[PDB]
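This document opens with one chain alone, in structure tokens, the form deposited in one PDB entry.
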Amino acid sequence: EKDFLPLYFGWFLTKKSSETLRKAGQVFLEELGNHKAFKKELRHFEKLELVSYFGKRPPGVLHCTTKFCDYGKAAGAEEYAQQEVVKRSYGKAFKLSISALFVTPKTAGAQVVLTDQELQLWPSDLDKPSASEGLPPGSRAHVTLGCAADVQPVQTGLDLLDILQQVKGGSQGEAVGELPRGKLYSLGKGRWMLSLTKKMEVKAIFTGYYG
């Protein structure tokens, strides 16, 4: 008999923070979908309700996933789960810093900027890691807000990596506009980023989800 691991580890936002971020995300999607610059790109295909477009949303509490384990069937699962830092941090409260919200034609999410301590909990063996894309470790860290109907797991992280590639190289450009919470950037190809004037800090508990 082998101990059967979680579906995935991550930081699970407290009820309060989760609700707070969920609303922020919804307002962002509502505001963005109504923004002149977005509609203009959109009509470059009327008005699209982004909340409906990104219809597959996390049903339970929002979270920032570290290692997907699939109960042990995922590669590197047992190795990740038996890490000292993971055991020590299990059930521990953290604050996750959210610096931006983004959308693409596939996903809507929040960019997480992990601390070095929290970075110790970040998987060392992701299938498509930041390092493979010239970005610092843990840059893929995120809270998914919503996904298009046929968008599979993990896409949100990949999408963030791609967006962070656009800002790194400089493709950020001038803000095309501004929403109450910050400056809005068009990265082209349906990619949009709201750079928060004030970083959002969410309380979350690091633990394992079993489904």
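Only residues modelled in both forms are compared. If you superpose the two forms and keep the largest set of C-alpha atoms that fall within 1.5 Å, you have the rigid core. Residue numbers count along the first chain shown, from 1. What changes on going to the form deposited in another entry:
Measuring CA movement between the two forms with the rigid core aligned, the set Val113, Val86, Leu135, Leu126 has one residue at 2 Å or more: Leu126.
Once the rigid core is used as the reference frame, the Cα position of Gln172 differs between the two forms by 2 Å or more. Considering only residues present in both forms and aligning them on the rigid core, one finds runs of three or more residues with C-alpha shifts of 2 angstroms or more between the two forms at 43-45, 126-132, 169-174.
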Given for the second form:
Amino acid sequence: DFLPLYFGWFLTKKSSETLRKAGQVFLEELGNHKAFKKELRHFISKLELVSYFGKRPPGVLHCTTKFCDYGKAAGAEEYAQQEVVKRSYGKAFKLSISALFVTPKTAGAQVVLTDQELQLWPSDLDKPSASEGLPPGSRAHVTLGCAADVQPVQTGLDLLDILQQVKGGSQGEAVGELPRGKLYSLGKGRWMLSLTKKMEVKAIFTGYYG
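Would you mind giving the form deposited in another entry, to go alongside the form deposited in one PDB entry above?
Just the single chain follows, nothing else.
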């Protein structure tokens, strides 16, 4: 017997649509924002970001914890065997979306995990450099879209990198206000919307088999 393609929290239909629509609305508002139009060089050396991020998750959205590749990924077997993983497998959770972000590569939503959910976050030998100085689980994210020649994986890195840019920042940096939060320009095509009111989505922790 083998492992899943990856473990994660898969949003209900109701919450997928709610978060997915939140994403589009952000893409549509950002692409029309003046600050964004001024930095368009990083997307086209106006633009509809909805089209730019044409590769979206087709069905339900999800928050990946541990990519296992059926055991072919390092740390995979070590993660699945954990008690908390077995005990949580199938259980429902509420994920907190604190921000939406975009880069030239990906678009997605930052997830802020509860202590219980942090127990479900892997602890591998191999770490992305961008996870430096950042608390565990920071990479927690929901992918909303990717550029044509970009892999979804990149979304987690794009989040981490963004968190580096704001590491030691304040809300006085905000470019301006969007209807649901403050907009930040972290340079180099990186934009983040920090939600005034955090979004909450029901999801189930389980294993996906591609």
